[PDB]
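Next up: a single chain in structure tokens, the form deposited in one PDB entry.
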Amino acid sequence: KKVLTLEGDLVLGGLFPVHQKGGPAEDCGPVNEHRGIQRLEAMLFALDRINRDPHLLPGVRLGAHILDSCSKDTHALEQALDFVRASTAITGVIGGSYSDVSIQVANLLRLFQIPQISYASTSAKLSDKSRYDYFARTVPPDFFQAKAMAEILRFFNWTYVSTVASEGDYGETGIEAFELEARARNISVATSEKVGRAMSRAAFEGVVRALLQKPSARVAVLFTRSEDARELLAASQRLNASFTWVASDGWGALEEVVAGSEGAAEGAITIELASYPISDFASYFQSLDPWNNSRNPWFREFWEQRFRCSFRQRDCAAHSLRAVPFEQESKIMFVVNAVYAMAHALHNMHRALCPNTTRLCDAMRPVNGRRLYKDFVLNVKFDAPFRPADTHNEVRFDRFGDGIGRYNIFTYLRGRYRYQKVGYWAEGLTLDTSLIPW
């Protein structure tokens, strides 16, 4: 219903879960604030810096055609029909965020040779190039995440664990990979529970007692969506049930997962893909205003939900995102590098196909998608923009078009509670014991 359009010489398709998935009947629920709106603004911020970059396509302005997935694969696939209908013209696609939506969207995109780079889809399956030949990502596959989690249990001598998976490609294949890896380290799994898309608080108590039916297994491994980890922790709190949580990037270092069930979560070890905040995105997001951000068609709806106001009611104007603490979303960097990977690919494309000018020559009217994905997108290699220069971070894709298997490890501890970085994984597990009380 709402289209996000930016004019430009070339148009970059975008796909973001602006809204949450709806209730039993509605396809779209409330605005997904952090992983939705903020990740969308990250693509818009990147496109602005690129359009100001004199070293990166100074003669070709990049546009955007950003669609909302509503956190549901079938809705994203109904929306992704815009990207194919013409064949405005869509050069590539940034997104989606959730694996299921990327799989579904990739199967349609390959039929029209549309390149796609995801900034958050981690499911290992997307690494298979015979089925997903137009798919690249700035994120590593979950082969490497599940391997890393198996080493955490191997290190802390945890050999009788349990597993919790969100239904879908991410949770199932993620736990499946974890099965192989725990097996390979003498770790035996007591039981394996699966969480339905939209369970009730009664259903999660079912899962708690299901995990409890083996009291000896006090450790639980999770390949879960954040809502699921939060409802399961809430259910654990209500049922006065104490588990040792070992969780994937779904939970990550999200305050919203543990908020209200901080006691039930204390002791937990979580994983986030290795990222850093970008300060120029921070000041850009906090200076965003509903009367100046008309280019984002969902920014007013976010503003009404963020501040409990209405533009009809005239009570939105006194608020600012600067009064608020800015908790920059974890995968913001990966959105930023994914837009840059596509822009560099196209800069390299233009350099070779239009040597005589900075403008778009007939050799890129239209842009050959196959040549773009195979010869340029896959062969990008540049410094991550805005990177913490003290550490050398580089943007490229391996033989399977995946990002680098590097993860940060955290712990939820204690009045007051907080996630603390305790280690990392980058080919090997590396963590210091001095940062854990147990």
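For clarity, a rigid core is taken as the largest C-alpha set superposing within 1.5 Å between two forms. Positions refer to the first chain, counted from 1. First, how it differs from the form deposited in another entry.
- The residue among 259, 81, 180, 361 whose Cα moves by 2 angstroms or more between these two forms, once the core is superposed, is 259.
- A displacement of less than 2 angstroms separates the C-alpha positions of residue 295 between these two forms, with the rigid core held in common.
- With the core held fixed between these two forms, residue 213 has its Cα displaced by under 2 Å.
- Relative to the superposed core, residue 351 shifts its CA atom by less than 2 Å between these two forms.
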Given for the second form:
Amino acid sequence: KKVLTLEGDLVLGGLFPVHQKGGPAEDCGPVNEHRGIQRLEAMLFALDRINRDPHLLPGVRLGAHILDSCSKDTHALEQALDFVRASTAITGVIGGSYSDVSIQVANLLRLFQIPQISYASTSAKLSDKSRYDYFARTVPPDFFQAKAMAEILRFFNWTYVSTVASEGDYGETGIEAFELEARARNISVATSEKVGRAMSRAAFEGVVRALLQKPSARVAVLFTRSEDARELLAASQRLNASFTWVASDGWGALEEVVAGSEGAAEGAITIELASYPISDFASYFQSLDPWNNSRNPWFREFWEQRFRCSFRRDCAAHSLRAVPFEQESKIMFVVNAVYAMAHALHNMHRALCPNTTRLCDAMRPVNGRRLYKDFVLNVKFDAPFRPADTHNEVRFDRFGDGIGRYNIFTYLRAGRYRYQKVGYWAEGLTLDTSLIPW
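Counterpart to the form deposited in one PDB entry, namely the form deposited in another entry:
What follows is just the one chain, with no partners and no other molecules.
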């Protein structure tokens, strides 16, 4: 229903799982605090900074037309019609998160030559430029995540494993790639399970029971969406079932996956893409207020849900400074996707509009084929808001993908349950066995 509109000379599209998947009839569910709100706000932060930047499109304002995917490819695609209907023109799209969402959206935007930059979609299917010719991403393909996951097993001599894959382009392509890597290291698969789009608590229990039918396969490798990783952990908890979980970025370092199921989750090894916190973001975010942030139509809902109050009194009294703030793992890539589009446009403007700083005729409208092929693919700049002791640059390969760098974690009970970095993967596995309590 709602849309976040911000005005400008060039309008950037945006797609975020602001809401979780709806019920059996509802299309949209509850607010996604981390991968929704924080991620969307990060696009707003980035845009704000680009529009105050004398070196980045100094005479061209970048607007936004941001949509909620509701963590659902079908909802996202009905919403995405807004990007293509003027065929107010959309110059390029930032998103989405889920691969199923970015794939559906890419099939649509290529028809209208609209460049797309995802900040979290890691499915390897997206590397195919015969199919997704207008898509690029600031994250790498799962090509590399799979290989890392297999090297992790091979390191601890975990040679008889089970797999759980969410149905679709992320889960299915993720685990297949994992299996080929595992075979090559003499790792055999006991059983392979799939998780449907619509599964009951009972259905999930049946998956856990299916994994328990192979008592020798204590290690379970997941290439699952967050919600499926959550639901599977919750079923393990309800059945006092014990597995050593090795999981992909879907689960990653999210506290909402493990909440309520800490016991079942304890001892898990998870992977998240390597990133850094961006100070200026935490300041921007924690300073948001429901009276000052009206441009975000989903902020009021988040505020009510976070503080368990209603404006319809004293809800306004709360502060995001008063509460603990943990920055989402992929915030970096959100900010980098927007800057990649902004630098692409600025470079296009430098080549096409030399006599002015305003949008010339050559950019009324912007040719998407030229934009993607000649400028988006060719950006190369220092990551903005990166810490002074870090040397990250934003660029894409020939196929529009980012560079394969991951962090590796363990979920342990310290007596709070926390995520602990125990290593990394960067064209080879590195891990400190001292940090893992087994």
